[PDB]
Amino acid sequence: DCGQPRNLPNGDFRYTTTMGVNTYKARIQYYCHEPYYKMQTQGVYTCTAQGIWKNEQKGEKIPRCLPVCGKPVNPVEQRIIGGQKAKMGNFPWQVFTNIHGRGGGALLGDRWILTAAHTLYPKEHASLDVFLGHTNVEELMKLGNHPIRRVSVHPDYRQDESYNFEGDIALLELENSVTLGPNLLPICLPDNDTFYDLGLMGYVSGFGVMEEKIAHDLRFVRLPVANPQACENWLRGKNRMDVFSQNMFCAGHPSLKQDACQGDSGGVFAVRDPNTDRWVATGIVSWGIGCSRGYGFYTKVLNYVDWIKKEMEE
């Protein structure tokens, strides 16, 4: 008979033959919930005369539906202090954080939230509150928080040193993975050093603290990767002795009026890789000085990519 087909997590199967009938010559075609998930690599299985559900090439083994990163359904339009409110589906990876205070993160894979270490262990200092899958703050609250099982702060980060954000970056493993959708999708990780070329325009979305009021909805701003040197000057120019390592990078400009502010840290600096039309998280909103001013600092994710993979590789 073959019995009922195994259920394909994050995917489903359809009968090409008479529905519900699981006997010889029975034919079902498995499929993954695309574009949120993609089938690892043709989904066609039949009830073999051996009374087993088998695919021409494999058989005994059903497909695997893996999560798809950085390929949002409703991309941002080309034409946080600095304005503009994000639309549903623009940043399916944005996460809302409320540990010590409002913060942000980015969904990685299907059960990991990437964010800023300082977001967990602040300078001069709780319930790990995390929400995802929505633009409006009330809604994320109603949707409920997503319990956290593991917390993985990078080794280099140090909390006692209030002016050293080196290694600022952490990982949050959700207790239970989520179900991707047009409004909840992971972002990809960088892999080429070019994701830091000067003048490169990346995005920073968050529920920070805009100009004069609190933000009830996710907002975003586009910023260009700035020249380190210039930032390095500007920084010492104001006599700041803050750390600015190769493991960081700066963006924005002192003359820009758009910028991430109080509450956007932990959020991510997103770049739509033109080469693949997929969005990668090149940086983590780490620190700066004031807001509307200029030159913000972000953790160079590209340098922790391996560290991240290991932590979530389990």
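Residue numbers count along the first chain shown, from 1. Rigid core (definition): largest C-alpha set, two forms, superposition within 1.5 Å. First, how it differs from the form deposited in another entry.
Among the residues 32, 69, 271, 26, the single one whose Cα moves by at least 2 Å between these two forms, once the core is superposed, is 26. Core-superposed comparison between these two forms: CA of residue 260 displaced by 2 Å or more.
With the core held fixed, residue 302 shows a CA shift below 2 Å between these two forms. Superposition of the core reveals a Cα shift of less than 2 Å for residue 10 between these two forms.
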Second form
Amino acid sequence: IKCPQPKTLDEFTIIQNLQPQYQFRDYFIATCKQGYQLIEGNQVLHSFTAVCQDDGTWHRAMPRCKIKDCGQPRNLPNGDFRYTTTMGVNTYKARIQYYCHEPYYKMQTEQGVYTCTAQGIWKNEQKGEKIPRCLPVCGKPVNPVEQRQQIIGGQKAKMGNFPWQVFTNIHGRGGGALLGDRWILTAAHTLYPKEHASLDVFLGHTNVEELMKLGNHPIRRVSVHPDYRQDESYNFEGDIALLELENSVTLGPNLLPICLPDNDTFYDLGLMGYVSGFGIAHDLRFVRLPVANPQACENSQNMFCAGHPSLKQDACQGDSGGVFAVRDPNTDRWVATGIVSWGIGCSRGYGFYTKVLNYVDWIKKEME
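Let's compare: the form deposited in one PDB entry is above, so bring in the form deposited in another entry.
Since only the chain itself is given, any partners or molecules it might have are not part of what comes next.
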């Protein structure tokens, strides 16, 4: 007819339905303060109810209330996190901080702070239960072309110089630029040559053999801009394409994306940019040339001319599908202003190029 008016085994247990005395058939309930869960031996309990049996004894043993554990923080692809609290303890109230592998990636928004909630899972000051996202940083080579030089003509390209450079080889050697994590910008005629599929694509290195040793990157999808017409002898309008990599590449010092242009001034006469390509020249080379007066090439409005006559062959460095890159110092970022297009007359000193700014919209649309 009586049970022992019982007590907690710690400061984390709380008694529910507490009475002055406990008669047979009665019951009391146990729970825990925030952050603590009911444990019985080596077992978590959703709840605890003890009924007072006739022999005057509680049908079950008072449980214990222990701290909860949010477990091992999820992994942040291209980043990492550190404990901001005793290291390695994923217990209630612990605090960790995620971060990205800068300078190559940047965290998508101290916002990578997740603490272990009373609910037993890592959460943000309102960034959810979801972890941050580390994004590819575009146009900031970690070994950029020295500006302390203006070396007229072709130069041997060093590693890190054009980290976005893509060596293509589908219907002949071609080029392209890595955009983001998984896109390569290039020319349409590179995939569909005019005058009449195995998309062999390589990246990450200055040397061709080394590039090929690094391995091909499978293309998952191809997008040729709607204008581009190949049956027509010469239009070069819409000569631009996008390739989507089946898998994404890992950024680093020799493999980084280039940025997209957005201001018309990237096509002002006299503005210096760069062009890189192979010639299988065995090694990647580059030329610094200026945006030339359209007549220069005339001799479209979705294109631009670049070169100088005192350059002869050196104005054919770009590989077709390759990118005309500009270093915008008022933001210190490299952008892809042009796409190497029909190279007729590049030995007279000038190159033709598709104006990328005019297709940024379409590109971005394709990339989503």
